[PDB]
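Asker: Spelled out from the first residue to the last, the chains are:
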Amino acid sequence: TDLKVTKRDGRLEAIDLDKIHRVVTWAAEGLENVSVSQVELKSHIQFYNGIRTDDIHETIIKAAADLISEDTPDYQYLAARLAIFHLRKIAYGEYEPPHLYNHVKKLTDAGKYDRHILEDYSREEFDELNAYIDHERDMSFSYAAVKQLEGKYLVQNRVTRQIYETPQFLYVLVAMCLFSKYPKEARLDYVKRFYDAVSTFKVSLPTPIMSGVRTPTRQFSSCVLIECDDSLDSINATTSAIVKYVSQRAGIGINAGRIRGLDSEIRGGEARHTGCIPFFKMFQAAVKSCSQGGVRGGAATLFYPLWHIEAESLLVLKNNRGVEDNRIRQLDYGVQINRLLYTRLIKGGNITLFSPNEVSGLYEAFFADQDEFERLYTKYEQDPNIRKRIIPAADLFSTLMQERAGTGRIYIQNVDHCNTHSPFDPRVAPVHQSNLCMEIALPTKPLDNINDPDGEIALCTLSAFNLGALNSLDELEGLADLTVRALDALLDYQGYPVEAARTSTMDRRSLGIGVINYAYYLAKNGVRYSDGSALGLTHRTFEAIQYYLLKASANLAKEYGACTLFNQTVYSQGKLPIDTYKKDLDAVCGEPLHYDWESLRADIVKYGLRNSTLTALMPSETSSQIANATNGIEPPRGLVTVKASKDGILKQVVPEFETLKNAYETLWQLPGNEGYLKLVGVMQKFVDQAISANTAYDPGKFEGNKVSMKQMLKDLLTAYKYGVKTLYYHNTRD
Amino acid sequence: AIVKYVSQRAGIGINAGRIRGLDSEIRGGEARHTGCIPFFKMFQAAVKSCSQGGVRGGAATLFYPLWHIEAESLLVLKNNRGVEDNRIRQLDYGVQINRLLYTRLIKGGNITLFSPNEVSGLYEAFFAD
Amino acid sequence: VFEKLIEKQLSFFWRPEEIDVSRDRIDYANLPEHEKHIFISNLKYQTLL
Amino acid sequence: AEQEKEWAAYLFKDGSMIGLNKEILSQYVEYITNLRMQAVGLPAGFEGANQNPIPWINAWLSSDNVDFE
Ligand SMILES: Nc1ncnc2c1ncn2[C@H]1C[C@H](O)[C@@H](COP(=O)(O)OP(=O)(O)OP(=O)(O)O)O1
Ligand SMILES: Nc1ncnc2c1ncn2[C@H]1C[C@H](O)[C@@H](COP(=O)(O)OP(=O)(O)OP(=O)(O)O)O1
Ligand SMILES: Nc1ccn([C@@H]2O[C@H](COP(=O)(O)OP(=O)(O)O)[C@@H](O)[C@H]2O)c(=O)n1
Ligand SMILES: [Mg+2]
Ligand SMILES: [Mg+2]
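Chains as they are written, first to last, in the authors' numbering: chain A, 5 to 738; chain B, 245 to 373; chain C, 36 to 84; chain D, 281 to 346, 374 to 376.
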């Protein structure tokens, strides 16, 4: 009959008999062991009259990546080629993008971009810089990259999905936008370095910076902190703040460990109306709101101290089986711990919880000292006429650990190690909470109302440089010598909704960056995780970037003024973070101090006043797939990673699978978490901000396939010995 | 305002019939994040707070027009038998009615609900002329 | 390794009428002309060889 | 081999078809030739000898062939 389809334009095309193998041959033009006949046949597509060729490409690529495995894990590049082809088609239709101008100058009025780029550069040098971005490098992605890219990484209407960009103009567009306020004498020759860095996957960038660049809504932070004390106005203010701020790509570290107990009301009335149970519903509903910029749904994380008179009787709120009185399972609860509570449990002391507001000089003392703190803690155990609740530490700890193993989302922060290693000065402004991902810390001051400048909240900004995509670490300085400079222009460029949030972030200029890939570099080195050959193997080069990044910061900010709050920092005293670590033995992974650059700290005290924070270690879960790297510092679940999300079922592969088929190790094959603990502790020798660690077990290696209670407790304790950072998912295995 | 005022012997007549439909977002993003269903949870949790001066527990009452594009499909939120997606039974819901809607029913006209913000000069006109 | 085994391996014997092949005529009409042409060509080549 | 290759044109010089039209079948017959001839003793007449240009055919063809611290 009339075997016609709806072509790219809409006219009735031919029967698609021939010219269909042309595209798949174009894809597999230089691959191997790819079954063109199978993928052309295993599509299992319906051939009814009235189909659109765009839908045909969609379904053939949905069926292409479906049939993949370690047997023939080769044509994932074919899927990526088909993906970028369909993307360039839905962008223009042809296979020849404009010369960076007909696309930019023609789409600038579309409102998707910011109406200042064209007014910030010249048309003459525009074409000169245009002949540097041949799109031939765009054919080097993976399906796991283009998938998330088309999902939510670049500019597009979230209701129409009509993409208006291209993954090639992305890098140069962001690099050109980040370098606006600069002298017009070297920016043209300076943007090329950053473009070559980002295109070769040597430096990685998050969604908050790639999902929000060159966009009218100038918001680029990644996490924010806020704490609320005992006051109604403060609660209203922080509720308005969380409602307003989460609407632009935010991360929340809410803390409310200072509200009230359940004792009484002085001027006549109920104590707290059942305490924190109804109050936390407000925050839970607040964080459950509009998407964080239009990409995903945010999720905050609350905290409260263990000595609260409202004990872990409220901690069950994350459990599943229970009445609907208090079971709000929408947050990431947090609890504080110090060096003495575990000691009181080891000795067997029954901890006696009490009311925060009913006593004076206790909450701040929980972070300040030990003599007065212990004296007060015993003096109340002595003071009869104040209402408390005593309980053996064993039952409380067992309930907490059971809730953690059940829900798998309860985090714990080590406040003792949260000050003894921070670059800040723990004498005038200590830390009090952590963001939802548990990798950062900064001082925070409460507020009575949003319009007042008395309060102050802080934020940060992330980035990542690859570890494994390089050949020699020597050039890293130059790489750093660019990115931080670029990151500088990021701070004084973005906007701030909360009027009080501007001052603190303009003063401290806190900034931390990390790394994406960890397993590929370790395999290229030639050591595994189980035996312990990596316990000091990473101290040869990785122990140098943390000390040489400060060199780049000093060389790039020795003339850019000073930090308005630099005096409030331990590093401002004259001691570099080269030995200020409270290790267990300081020789568990003993190695000679490779780079003791005292000239660095000399010049720093001389005139070096850079950003407050230096670096961090974020997991970068949504990111790190653009370059097809390993998700965070944790090893992959297997050789091929089968992942699931709202889109579908993806299958990513680790790099160098052909030449290193059996060179990595699956986390299913590493039962001893002591190796992971030793690794993160070796990283503790040079970590700046924090690390987002994680542990995982396997019920197939226990007595009766049931979880233990002291073995994992022993693991927690030996993690509390050396390498003491935040906690995360229990990460069981069904 | 509702968090601060209800704490002293108050009675609330909250009205939120002018928030958004579920159409779209101009500058790029979702329309309303499922509309009023998640937004009303905030008010429900707010009114569920400390006693109104220390005698009893207050309870507000929301309102919304019938011509809202989000139709009475949300009115079931006060029903008992149903999933926990949207069944917040803690308020006194309210709906607006004029002299013409009942007439349109008597004549048999199938009422066509629409979005408040997508059109101009309609919400105030619902009370003016 | 000969007829002592391979001729003894010919135990897959099967009657051709013992199977059911009826869906052919129901799935032969609605097909392109060239498809039927090449199908009959292949069948003729097989039977002649 | 060349005679069979030339034969595999008449039953194809009328229209395309899913799976294989001319190149896939040519690669297949070349691979079959190169794999079968290297079982009686003869120099390889065709270079490459890469993977099977159509592997799913192997799925049907006679799988059962014959602390205080
Ligand atoms: N013969 C065909 N008839 C209908 N659709 C086809 C055919 N071949 C392929 N398709 C699918 C895959 C193509 O990406 C899509 C149409 O893209 P398109 O580039 O316009 O096809 P085309 O290459 O034959 O036209 P043109 O040569 O003008 O570029 O439809
Ligand atoms: N209406 C209320 N009745 C009883 N407690 C309330 C009420 N509203 C809030 N609360 C909780 C949260 C408040 O932080 C705390 C009361 O402290 P506050 O807000 O300073 O008011 P207040 O000064 O009248 O009481 P207090 O003298 O105990 O601080 O009790
Ligand atoms: N749904 C999420 C997940 C993480 N985050 C934040 O992003 C960081 C970790 O996520 P990520 O680095 O994998 O995000 P991407 O850069 O990969 O897009 C943490 O600081 C989180 O607070 C978020 O805002 N929303
Ligand atoms: Mg074409
Ligand atoms: Mg008070």
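Rather than coming from a laboratory, the hints here were simulated on the basis of the structure.
Backbone N, C-alpha and C fix where the C-beta goes; we use that ideal spot for every residue, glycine too.
Among the hints, a few may not be true.
Claimed, not checked - Which bits of chain A does chain B cover? Going by a derived footprint, with three or more residues having C-beta under 8 Å, they are:
#: 1; segment: 515 to 521
#: 2; segment: 721 to 730
Stated by the list, open to error - Some residues of chain B that are not near chain A, with every Cβ distance over 10 Å (derived):
#: 3; residue: 247
#: 4; residue: 255
#: 5; residue: 269
#: 6; residue: 277
#: 7; residue: 286
#: 8; residue: 288
#: 9; residue: 294
#: 10; residue: 314
#: 11; residue: 357
#: 12; residue: 370
Asker: Where does the structure disagree with the numbered hints, that is, which hint numbers, in rising order?
Answerer: 1, 2, 3, 5, 6, 7, 8, 9
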